[PDB]
Amino acid sequence: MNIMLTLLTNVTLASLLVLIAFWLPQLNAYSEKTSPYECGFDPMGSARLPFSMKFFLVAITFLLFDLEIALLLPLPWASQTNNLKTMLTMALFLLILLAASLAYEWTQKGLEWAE
Amino acid sequence: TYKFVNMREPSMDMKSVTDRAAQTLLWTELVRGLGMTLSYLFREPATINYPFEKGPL
Amino acid sequence: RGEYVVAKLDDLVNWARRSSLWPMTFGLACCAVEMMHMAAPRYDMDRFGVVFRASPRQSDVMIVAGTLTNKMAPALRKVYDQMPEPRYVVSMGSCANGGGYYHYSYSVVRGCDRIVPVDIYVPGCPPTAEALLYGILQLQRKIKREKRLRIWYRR
Amino acid sequence: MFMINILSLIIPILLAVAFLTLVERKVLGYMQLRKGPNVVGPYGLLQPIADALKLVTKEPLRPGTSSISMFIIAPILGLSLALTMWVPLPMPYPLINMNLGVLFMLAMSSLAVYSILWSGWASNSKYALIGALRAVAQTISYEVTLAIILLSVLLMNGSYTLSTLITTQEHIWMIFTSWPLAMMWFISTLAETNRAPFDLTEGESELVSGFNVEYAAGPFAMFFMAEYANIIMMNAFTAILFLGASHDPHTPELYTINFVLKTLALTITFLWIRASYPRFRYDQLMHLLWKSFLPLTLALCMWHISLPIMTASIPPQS
Amino acid sequence: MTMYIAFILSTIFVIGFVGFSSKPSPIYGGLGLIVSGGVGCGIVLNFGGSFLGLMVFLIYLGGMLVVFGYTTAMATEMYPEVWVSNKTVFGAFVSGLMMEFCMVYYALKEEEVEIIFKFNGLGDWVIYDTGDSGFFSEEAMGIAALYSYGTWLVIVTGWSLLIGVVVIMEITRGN
Amino acid sequence: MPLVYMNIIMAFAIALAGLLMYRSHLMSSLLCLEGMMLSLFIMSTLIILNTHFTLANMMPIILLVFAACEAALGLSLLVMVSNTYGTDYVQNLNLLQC
Amino acid sequence: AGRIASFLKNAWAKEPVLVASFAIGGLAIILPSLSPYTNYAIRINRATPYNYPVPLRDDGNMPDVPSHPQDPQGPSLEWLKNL
Amino acid sequence: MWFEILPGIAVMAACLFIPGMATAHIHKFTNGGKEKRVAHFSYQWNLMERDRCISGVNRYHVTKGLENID
Ligand SMILES: COC1=C(OC)C(=O)C(C/C=C(\C)CC/C=C(\C)CC/C=C(/C)CC/C=C(/C)CC/C=C(\C)CC/C=C(\C)CC/C=C(\C)CC/C=C(\C)CC/C=C(\C)CCC=C(C)C)=C(C)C1=O
Ligand code: SF4
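Chains as they are written, first to last, in the deposited numbering: chain 1A, 1 to 115; chain 1I, 1 to 57; chain 1B, 25 to 179; chain 1H, 1 to 318; chain 1J, 1 to 175; chain 1K, 1 to 98; chain 1b, 1 to 83; chain 1a, 1 to 70.
Misleading hints may appear alongside valid ones.
Chain 1J regions said to be covered by chain 1A (calculated; three or more residues, Cβ under 8 angstroms) [unchecked claim]: (1) 58 to 65; (2) 74 to 88; (3) 142 to 155.
Quick caveat, the hints were computed from the structure, so don't treat them as lab data. Here a beta-carbon is modelled for each residue, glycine too, at the ideal position from N, C-alpha and C.
Based on the provided sequences and hints, a complete structural model is requested.
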């Protein structure tokens, strides 16, 4: 209940602001006011052709690293155990491989952004 | 008469490297930049109240 | 009364318009340098609500500062046509007004008027940063005397 | 008495960002020797209202190459995400006492970036797609440090409940035990909200736009109010997490006064750094986090898993 | 009306599931997955899985972000498709909506559905169990035991993900 | 076996059907691949939570750990096929017909 | 010594962050074995009564198990108060 | 001067003060003065439910001391 009412109120408030955004200010528009903005002169035709960036390698390792943080998230409740020696060894073990993966990723070009 | 603007070689003694490392980790030149923006905040703005205060000609 | 209600409502909109003008800098020539001095803390254009904002989709007024060369004339029209249009154009300097020093050249249009409609004209070469502040102040007065709602109520 | 509570949060929040835009220029101007807005009302106390009213009466227009549906929903995503995120903040007593409040704010804050590129992609503009692609890898790389920094600090909490920070830093401020993590936490907050050591998301100098590329009066207002609200919170979250305050159970007003003051001081610092540093280039801001922040991030993490064990200071789970 | 949000939430999960399974443009597929992913987090939260619910929320959001971050990178179409666009995607879409809406109609009108397995409509609130949980949430302590009872799983998961970074570079390196 | 089980089981079927009907996109194909993962994760979460299989609550987590691991593999493979052949429609890689 | 000291000083100059991180990372592993409070952390976690201490039937010949919670025999954790 | 900045803070500080005061007072108002009982675990919720049943008026915050039994 409480959480969904808050979620509902926010989207209605946001949507109402859109509705008064596009309707209260009346429009006198044409085909040149809808032209894409390219700092003045005519665009050469772009914005949907393959725009290949370079950080794809580190973009996808973020996904791998984001899974590491998922694995080590339960640590606050993991400390409340009776065998901390095993918990400590395993907790540092995940951090070590996370550090090891970053270090090996670093050494082989890795974080460097392709030219 | 010419002067070399950028020909400063930092010292390699244990003192200087730590200060550079301390500058690196504990951001100091960034704090010096921050600290001086605070100095201008408390200063006297130079804006003239146009059109009640027209500029000097 | 209906006329009174539309009168106050128009004033509220006109106050909201004149109190927030966001120039889209078309800095072209030495007229632009003096305009930046208006943004400099000596005159502080920002203090009047008017603050510089790029992306003509998010700007209200054009400040034509400098000569308008025939080569770039399509650019002036295109960036003028892309403004959400409660919109006004301020011409700075003799060159932007009617050609100025280069009125007789082969590649300078004799005034920015031939490309775009022009609101208040700011004379000078360059007009001092204080003179432009007077110009922007004149536009605020012009916006104040807008009867958009009264005309609609009497259509 | 819940609709009143919610509307006692939404209206003050939108009014807080409302006049944050006034304390921006009036602070930015004074730091650059200007004076800021002091014409519209006394001391500019009416300038944002004049700004807002104009930004809901000047002609909005969808781009001719836009994608209407995604163009419109992105402001909905930005504003609703910003408002819904303030919900579990434990101002004396939080509005919604989530058991996992920390994880909640991490999840939705990771969602506020879908607005920026859905806006960028639907706008079908070259500067739009550039700014959209700049921002996404900017935020997620800065998100890896965001998650670990939160975890390392909260290992002394014993739980993810936001209310327990009041109890955790009851006698001692948390920053005195995790100040190295506090520095990178502040920098990451500067980066997720796109303030201006890393405002490249807007990139006005090199990309003219990117927060709101062709976005107009309404949608531009949202994408602004959706990120200035994040400015106030990301310092409220920093204030609640690091700089605790005395909380008498009988008089919560003292805590609210103290909590507001810390957010105000932190927010000024966000404006303070904004006018004291240049713009990070893209590779630099990525290099700073993937090559300098993360190695220190993991190292201080391992420290904070071990630290309670070596000192026998495991916090209570409840 | 608040009878049981499990079916309503799972329905939006399926309708969102129908969306990207109909092969739209990849960016619109991300939206179709995200709504299903977000409401799927809602389903698990309603069942007591508070941590796991927000868990799939955070990971997937980052997961699918790099997904459609990639599509606009090198998988974009010079004229992107949409939910209507081509009749194939239109046909694939509307097929999914009419399908699921048929099963739920088949579900809610006799409550004795026997497709593949048995499915009887009586209310997912019923399968809940009566009993306290002490001063600990059961789910949180279960996933916390990964570092105490699951040291074998940590090793294989950690090693695989470390190898996961090795393959990703090795595959993407080339030449 | 209430109707929520029907919803996600029938959901996984359309994920299976969606994957097995590649129309014109590898990226959209990978979407359906990760789609399957939702229903499996969601159903698994419902099972071990309903049965109070507390020690098995880790299984949905380990599913996700090996989930994105495949997801990374799919896009990395999608990187080169789109890089050296231009697009990602799964029809231009038929050079291995002979 | 000469080889190691030159290496550490050089790394302390060019890449202060890495030599830093490797330090705390190094200490994060080796002190927890050395420090003597680790056994206390186990004892504190063990001593926490999440579940009920279910009574065990008294058939006699259980001298160590108390019959009343206030009885002296049994696990006493007065050390927690002192610690 | 810089003190002219303060009105910008004051109208924001008061606005940010409202949610802290409103939530704190609404909880006290809607729960008969005492703070809203927090149930982070099922055991806390079990006490709250038994409070609702015992009070008779189906109000958890309405509490009965020794005088209920005799
Ligand atoms: C590079 O770097 C950059 C940045 O930074 C890093 C930047 O910053 C910036 C930004 C630039 C600047 C700061 C420079 C100067 C520019 C400006 C100041 C621009 C100003 C912009 C604005 C948007 C103005 C903001 C100012 C104000 C005053 C905003 C004020 C707000 C409002 C008027 C609205 C407030 C909210 C209201 C009224 C909400 C009302 C709500 C209700 C009545 C209730 C609604 C809800 C309900 C009724 C719920 C119940 C309903 C139900 C249940 C319905 C159910 C329905 C069913 C169908 C079921 C740029 C450009 C940048 O380049
Ligand atoms: S009017 Fe004078 S100052 Fe202005 S652009 Fe022309 S020559 Fe330069």
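Q. Looking back at the hints listed earlier, which ones does the structure fail to meet?
A. none
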